[PDB]
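Only one chain is given next, in structure tokens, and it is the form solved without the named molecule.
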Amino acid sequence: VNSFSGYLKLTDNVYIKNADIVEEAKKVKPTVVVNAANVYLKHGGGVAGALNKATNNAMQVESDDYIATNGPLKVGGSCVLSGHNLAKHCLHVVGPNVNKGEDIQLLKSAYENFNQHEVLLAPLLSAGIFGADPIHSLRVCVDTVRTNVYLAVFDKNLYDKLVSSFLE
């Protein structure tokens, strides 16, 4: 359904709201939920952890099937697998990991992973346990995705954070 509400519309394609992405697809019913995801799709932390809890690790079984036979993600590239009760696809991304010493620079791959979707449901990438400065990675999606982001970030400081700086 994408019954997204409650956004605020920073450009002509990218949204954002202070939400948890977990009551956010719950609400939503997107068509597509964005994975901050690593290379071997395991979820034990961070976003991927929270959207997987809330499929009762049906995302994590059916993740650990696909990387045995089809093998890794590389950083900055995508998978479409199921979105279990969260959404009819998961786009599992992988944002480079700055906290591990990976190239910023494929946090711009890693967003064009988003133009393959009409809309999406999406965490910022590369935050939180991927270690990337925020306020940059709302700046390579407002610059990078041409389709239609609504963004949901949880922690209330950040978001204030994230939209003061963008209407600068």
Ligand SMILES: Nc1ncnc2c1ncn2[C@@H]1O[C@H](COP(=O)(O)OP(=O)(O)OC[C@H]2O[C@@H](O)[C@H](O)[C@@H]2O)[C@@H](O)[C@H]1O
Second form
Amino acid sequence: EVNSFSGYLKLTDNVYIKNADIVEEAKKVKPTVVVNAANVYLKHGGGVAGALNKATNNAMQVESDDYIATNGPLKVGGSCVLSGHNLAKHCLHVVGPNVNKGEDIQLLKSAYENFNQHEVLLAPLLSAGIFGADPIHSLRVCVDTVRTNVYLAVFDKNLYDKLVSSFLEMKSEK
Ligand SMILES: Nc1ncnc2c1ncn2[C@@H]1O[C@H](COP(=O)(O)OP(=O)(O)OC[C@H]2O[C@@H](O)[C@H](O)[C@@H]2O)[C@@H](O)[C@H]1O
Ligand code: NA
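Swap state to the form deposited with the named molecule bound from the form solved without the named molecule:
Expanding to the full complex; the earlier chain stays at the top.
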């Protein structure tokens, strides 16, 4: 039974959020697509990318190395679909801007646009961790950009509560 999401809070007609770890969710939900928050060389570091890769026993990194050897690096805001291995049917690797290095935060719109090629996705908040974007800003861009069904896994309970509170204020406009 694929895409068996449960316990999400509905934010908009197509964006849902849950205080959960993205790997544990993938194991529970068996999603068609899980989203990786990637860099342009698909060298999977210490955030979601490392978590997903470790859960595939490094199969994600070997596949990514093979992709890069054939195709070269991605562009910021770009994506590629590879295997989801034991976690999902497919993994959508998306490159958000690295705001810590001064890349353009507006490319987060381009990054989330990639979600619109998939009916339903399990995803993290792009650029909001190692890449240093404000998590509330990443959620705002997600809500304004994605039209397909996005289930957001936010593992930190304090961040989750902060995101919901900030989302409500922006939506009500006070
Ligand atoms: N296991 C997890 N489950 C859910 N959310 C998570 C998890 N780990 C981190 N997060 C949260 O998801 C958001 C995404 O953070 P990152 O994974 O660091 O993604 P990003 O900010 O885009 O940085 C990308 C960079 O990090 C490396 O892992 C990756 O190879 C790339 O270079 C952050 O809010 C982070 O706290
Ligand atoms: Na929750």
